[PDB]
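Accompanying notes for the structure given below.
For this view, one protein chain was removed and the others were kept in their places.
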Amino acid sequence: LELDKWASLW
Amino acid sequence: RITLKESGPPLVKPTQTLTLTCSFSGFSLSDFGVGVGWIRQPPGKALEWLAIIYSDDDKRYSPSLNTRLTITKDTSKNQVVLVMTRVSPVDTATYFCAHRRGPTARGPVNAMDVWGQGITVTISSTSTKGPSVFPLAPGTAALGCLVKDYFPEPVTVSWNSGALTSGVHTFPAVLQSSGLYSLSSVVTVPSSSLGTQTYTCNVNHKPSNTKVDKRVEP
Partner (left out) sequence: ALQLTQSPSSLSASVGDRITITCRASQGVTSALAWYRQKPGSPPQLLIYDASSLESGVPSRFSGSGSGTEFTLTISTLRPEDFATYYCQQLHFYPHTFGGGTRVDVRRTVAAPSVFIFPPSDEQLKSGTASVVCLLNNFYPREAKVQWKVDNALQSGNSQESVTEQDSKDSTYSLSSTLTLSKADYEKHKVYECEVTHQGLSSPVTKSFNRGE
């Protein structure tokens, strides 16, 4: 599953 | 403040292409990270995620509908467009577009905070058509009227020109495989009155300018 646009911010 | 509104055709034909537009105000797609998504809901079903598009034009579609969906945005107009191809009766649902906050204050992107009214789209190869009204012939007795094969919604039903209201149950129409609707309206009454009181359903399908008064009895 690819990650949402903001996952990386957490 | 932020308001979104969906627009497009309420009636689309199988195989034809459905084009929807989301007009918004109170926010612009130039605001960092802002998103606008499309969510649909089939009558009596759960929400289904369709696609999302952001300020930088980043896009994502639901894998299952990916080869059928195309999402775009026009900043000059504050509008987002969704195009769905080769639609079928199963695409009949209410379509909603929603706003998604961008990073300011991080967690608030984890949600779609403002939604549009939603727009009801029906997929049918059918043309306008008035209904045929049949009796549902009958201590408590039940009687009614079957309003069949009409298109498109809606239809209105009353009993005894509005004089009869208690015990009445006009059900939600069902879209048949034929692409035509069918709905029933029933009223529960005392058996004793079955021989002295008359029961007439008043049916009105404005789309076809069709009115019918159906007297129902044993």
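Of note:
For reference, chains read A and B in written order, and residue numbers begin at 1 within each chain.
In this section, a contact is a pair of C-beta atoms (placed from the backbone, for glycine too) under 8 Å apart; a residue touches a chain by one contact, two chains touch by 3 or more.
Set against the missing chain, the residues B:31, B:56, B:57 or B:113 yield one that touches it, B:113.
Summary of contacts with the chain left out: across B:140, B:196 or B:209, the touching residue is B:140. From the options B:54, B:96 or B:151, the residue with contact to the unseen chain in the full assembly is B:96. For the options B:12, B:20, B:84 or B:173, the residue in contact with the chain missing from this view is B:173.
Across B:12, B:34 or B:52, the residue that sits in touch with the chain not pictured is B:52. The set of chain B residues touching the chain not shown comprises 37, 39, 46-49, 52, 60-63, 96, 98, 100, 106-118, 132, 134-138, 140, 142, 144, 146, 148, 169-174, 176, 182-184, 186, 188.
Touch with the hidden chain on the side of chain A covers residues 1-4, 6-7, 10.
In this text, only the chains that are shown with their structure count from here on.
With centres taken as mean Cα positions, chain B sits 33 Å from chain A.
By the touch criterion stated above, chain B contacts chain A in their complex at residues 33, 35, 54, 58, 103, 106, 109-110. By the touch criterion given at the top, residues 5-6, 9-10 of chain A touch chain B in their complex.
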